[PDB]
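Student: Now for the letters of each chain:
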Amino acid sequence: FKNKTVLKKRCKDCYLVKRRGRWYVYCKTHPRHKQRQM
Amino acid sequence: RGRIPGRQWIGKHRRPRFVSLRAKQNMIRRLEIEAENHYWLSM
Amino acid sequence: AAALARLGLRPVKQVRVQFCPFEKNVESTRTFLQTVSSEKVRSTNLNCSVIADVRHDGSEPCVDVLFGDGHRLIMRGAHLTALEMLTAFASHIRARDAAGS
Amino acid sequence: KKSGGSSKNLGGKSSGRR
Amino acid sequence: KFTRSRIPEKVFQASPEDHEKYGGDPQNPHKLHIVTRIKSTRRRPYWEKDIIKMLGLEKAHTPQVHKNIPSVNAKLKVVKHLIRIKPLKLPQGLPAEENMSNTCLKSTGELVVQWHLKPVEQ
Amino acid sequence: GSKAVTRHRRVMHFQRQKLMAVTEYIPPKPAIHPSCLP
Amino acid sequence: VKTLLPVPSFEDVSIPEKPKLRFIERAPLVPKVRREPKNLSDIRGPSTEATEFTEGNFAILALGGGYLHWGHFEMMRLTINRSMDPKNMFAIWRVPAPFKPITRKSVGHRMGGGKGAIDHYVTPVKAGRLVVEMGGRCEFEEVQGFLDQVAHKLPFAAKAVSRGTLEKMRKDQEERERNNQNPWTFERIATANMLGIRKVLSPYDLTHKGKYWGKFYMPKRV
RNA sequence: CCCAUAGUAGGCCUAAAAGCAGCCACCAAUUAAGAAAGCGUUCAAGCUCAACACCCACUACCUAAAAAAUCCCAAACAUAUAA
RNA sequence: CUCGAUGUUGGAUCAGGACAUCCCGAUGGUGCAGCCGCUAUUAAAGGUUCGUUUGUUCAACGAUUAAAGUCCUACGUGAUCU
RNA sequence: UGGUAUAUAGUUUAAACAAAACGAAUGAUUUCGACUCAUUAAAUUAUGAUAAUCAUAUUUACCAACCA
Ligand code: FES
Ligand SMILES: [K+]
Ligand SMILES: [K+]
Ligand SMILES: [K+]
Ligand SMILES: [K+]
Ligand SMILES: [Mg+2]
Ligand SMILES: [Mg+2]
Ligand SMILES: [Mg+2]
Ligand SMILES: [Mg+2]
Ligand SMILES: [Mg+2]
Ligand SMILES: [Mg+2]
Ligand SMILES: [Mg+2]
Ligand SMILES: [Mg+2]
Ligand SMILES: [Mg+2]
Ligand SMILES: [Mg+2]
Ligand SMILES: [Mg+2]
Ligand SMILES: [Mg+2]
Ligand SMILES: [Mg+2]
Ligand SMILES: [Mg+2]
Ligand SMILES: [Mg+2]
Ligand SMILES: [Mg+2]
Ligand SMILES: [Mg+2]
Ligand SMILES: [Zn+2]
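Protein chains in written order, with this note's numbering: chain A, 1 to 38; chain B, 39 to 81; chain C, 82 to 182; chain D, 183 to 200; chain E, 201 to 322; chain F, 323 to 360; chain G, 361 to 582.
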């Protein structure tokens, strides 16, 4: 992913989800929008 | 780990001191006395 | 309509919806028909028919689905929501489609 | 090491007059 | 710079809701004080240490009686955070010559002229 | 020592730190929460 | 039947001839020769100037004290002039250009040897002052985006406001002081020198009332 | 969540400028929908948004991190009436 | 702090440790077809060359390697040496 | 790595609103040429802001540096 302290969606298909104790951003359309909470 | 640079309670980077609950009450107890002192010094 | 259009009515042969408008338990069936009768779903399979026969016999509503394989699916919508009817409808599409191919 | 400049201001050493 | 403090006058103005809390009477003010030091003069300015000597408050928790007049009150406003002020009450009145040796100052602020040291029969 | 104005938050004297802790806003609390009431 | 609402009309608003922000020079026209003391009390305490709106309706409020050099003015200027519509907006400066000289000694020199040479100039700012004021045929939601973006890059705590939010901020703080259930306040104690507390306080604490600590402002303090 | 027809490719500029390089206007059909808010096309196409319908998404808009070198560092505890 | 003495460059010898990973391991993204690479997450068990000139640390150069890592340890270590 | 200087016709070189010089062309001149004179063509490292001045990175020049 890319570690981010301020998560932000970059398109309509990005969705927030809390996993392993921290927030993530996943995107099936554009996998480069993926972010990990730092 | 956990060094306080220099001496603890002086200088720029000091060891943090936190206010307990009884420390608050002890100060409030003193205030209530001196607030009643103002009343008797007014007549 | 969107969720059902991505799938497509490929295996389906005919769909029949009967309901009694004056009865007070046909909102579910009428909502099911509102989506299946959309241009997005109907376009995926022109051969697949969609028929609506209105009745006023005081009878319960049902959805009868004819497949190409010959199997049939019936959903009595008196105590079923549109989402429940649509969901079950989609699951059968996926199963029957895989069986044919 | 590196030498530094001096102050250019002189005087100002008068004492109070009371 | 650290200096002496000027206490505003409005601080020493009892409100109506203050008289129904401490039990005082603005029309009939009390005549004498009962001052008692409850704080150390160490770590305080020298001008506070001198006032404590003028008022005879060297030893702590030792009741001393002073007059409720402006000049005395002024000295008290400088060390009002080192002392406890309480009015002197006289339920039996002023001690007579025959009672000087029978008195006792209670914690309530009352001066009783008959210290019998015996259970009340009531 | 340190000046009165600093780029960093300067540690208070313990007497002041205690004062700031006693003189904290206390919001009113109604006996019954307004949501529980009609 | 989704209920529609009337909309405000800005036809009555006028736009100047140079709505964009003018350029700020690094140093004043004539360079200064007399070197000045640090005078840190120019950013300490509440501001007594530029605390109210004059022409516009939206602005950037300073929530703390600091010094502004040229690098800050360029960021504000470019960022605002790029993101704003010159036709329906206008902006003005609420702060003067850098005038306070900042001396600095050369690298490697030891303590002493006089005073340093003038290096750059700054503009002192106190808490509660307006830095930039905007206005025109626009709502607040439009400018609030890039104004907060600007406020975050400033060396002090800042925030975008409007004539309404600023007023509401001030009325809510007064409401807190009135309904505060705590019988003990910083003002009452300090002014009366209760507990000998003025031995650890400052003379400014009589007026700041605990809401300021150096250059930092604490809005949650009553 | 849902849904999208039309005067018209508005005018001018432009090799071309079609809701979306610029300037001017920003009127109008249909119960309902900006002479277009965000992508996109060499220009067009194409995907969304604001609209109608349906009926209750009937939200929050107040704060976002952390790493050094001999070996972490009292042990432990959320519920029996402020002493 | 130490001048009634805390022996100071580099090297030899023996290495302890950190991870901000040079190689080997596990993963996400890519303007990742593949072979090579860029970037980030995780991982410190194991390992991290021989030589010419220079007192050198560095640096250049030659030949190699899966890689020839960055740092601290009184610029680790002279009652062990040089 | 560090800062300090750096840029102008095709080249060469004062200065930025573009000056001169070599070479080029053109005539004037000579029996024909050289020389000379006159004329003509010909440029500002490129990027972002002030509006033509500061920045931006390049560009090549210029000195600095383990230590005992
Ligand atoms: S508890 Fe009273 S409203 Fe939920
Ligand atoms: K310290
Ligand atoms: K900031
Ligand atoms: K166009
Ligand atoms: K020594
Ligand atoms: Mg220490
Ligand atoms: Mg003098
Ligand atoms: Mg003198
Ligand atoms: Mg000081
Ligand atoms: Mg046209
Ligand atoms: Mg157009
Ligand atoms: Mg279109
Ligand atoms: Mg376009
Ligand atoms: Mg149109
Ligand atoms: Mg427009
Ligand atoms: Mg919509
Ligand atoms: Mg010795
Ligand atoms: Mg790691
Ligand atoms: Mg290792
Ligand atoms: Mg050593
Ligand atoms: Mg030896
Ligand atoms: Mg040794
Ligand atoms: Zn995405």
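These aren't lab readings, by the way, just hints derived from the structure by calculation. Incorrect hints may have been included.
[Said to hold, decoys possible] No more than 25 angstroms apart at the CA atoms, straight line, and that leaves these computed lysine-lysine pairs for PhoX-like:
hint, chain 1, residue 1, chain 2, residue 2
1, G, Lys559, E, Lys277
2, G, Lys398, E, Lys201
3, F, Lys325, G, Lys528
4, E, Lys210, G, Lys571
5, A, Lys28, A, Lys4
6, F, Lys351, E, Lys201
7, G, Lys519, A, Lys4
8, A, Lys2, A, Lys12
9, A, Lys12, C, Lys121
10, B, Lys62, G, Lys569
11, G, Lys475, F, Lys325
12, D, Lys183, G, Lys571
13, D, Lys183, G, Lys465
Student: For B:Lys62 and G:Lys569, compute the direct alpha-carbon distance and say whether it is at most 25 angstroms.
Tutor: holds, 19 angstroms
Student: When you check the alpha-carbon spacing of D:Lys183 and G:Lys465, does it fall within 25 angstroms?
Tutor: Holds, at about 15 angstroms.
Student: Decide if the proposed pair is consistent with the structure: E:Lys210 and G:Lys571, CA atoms, cutoff 25 angstroms inclusive.
Tutor: Holds, at about 23 angstroms.
Student: Is A:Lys12 close enough to C:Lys121, meaning Cα to Cα at most 25 angstroms?
Tutor: Status holds; Cα separation ~21 angstroms.
Student: Is A:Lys2 within 25 angstroms of A:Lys12, Cα to Cα?
Tutor: Holds. A:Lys2 to A:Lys12 sits at ~19 angstroms (cutoff 25 angstroms).
Student: Next pair to validate is F:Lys351 with E:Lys201; report whether the Cα-Cα distance is within 25 angstroms.
Tutor: It is violated: about 42 angstroms lies between the C-alpha atoms, which goes past 25 angstroms.
Student: Within a Cα-Cα threshold of 25 angstroms, do G:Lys475 and F:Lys325 meet the stated pairing?
Tutor: It holds: about 19 angstroms lies between the C-alpha atoms, which stays within 25 angstroms.
Student: So if I understand the rule, the pair passes when the alpha-carbon distance is 25 angstroms or less; does G:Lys519 with A:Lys4 pass?
Tutor: At roughly 24 angstroms apart (the allowed maximum being 25 angstroms), A:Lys4 and G:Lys519 satisfy the hint.
Student: Between the alpha carbons of A:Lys28 and A:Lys4, is the straight-line distance 25 angstroms or under?
Tutor: Holds, because 19 angstroms separates the two Cα atoms, which is no more than 25 angstroms.
Student: Within a Cα-Cα threshold of 25 angstroms, do G:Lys559 and E:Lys277 meet the stated pairing?
Tutor: Cα-Cα ~16 angstroms, so holds.
Student: Check the hint pairing D:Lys183 with G:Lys571 against an upper bound of 25 angstroms on the C-alpha distance.
Tutor: violated, 47 angstroms
Student: Check whether the Cα positions of G:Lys398 and E:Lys201 lie no farther apart than 25 angstroms.
Tutor: It holds: about 19 angstroms lies between the C-alpha atoms, which stays within 25 angstroms.
In this structure, the hints that do not hold are numbers 3, 6, 12, in rising order.
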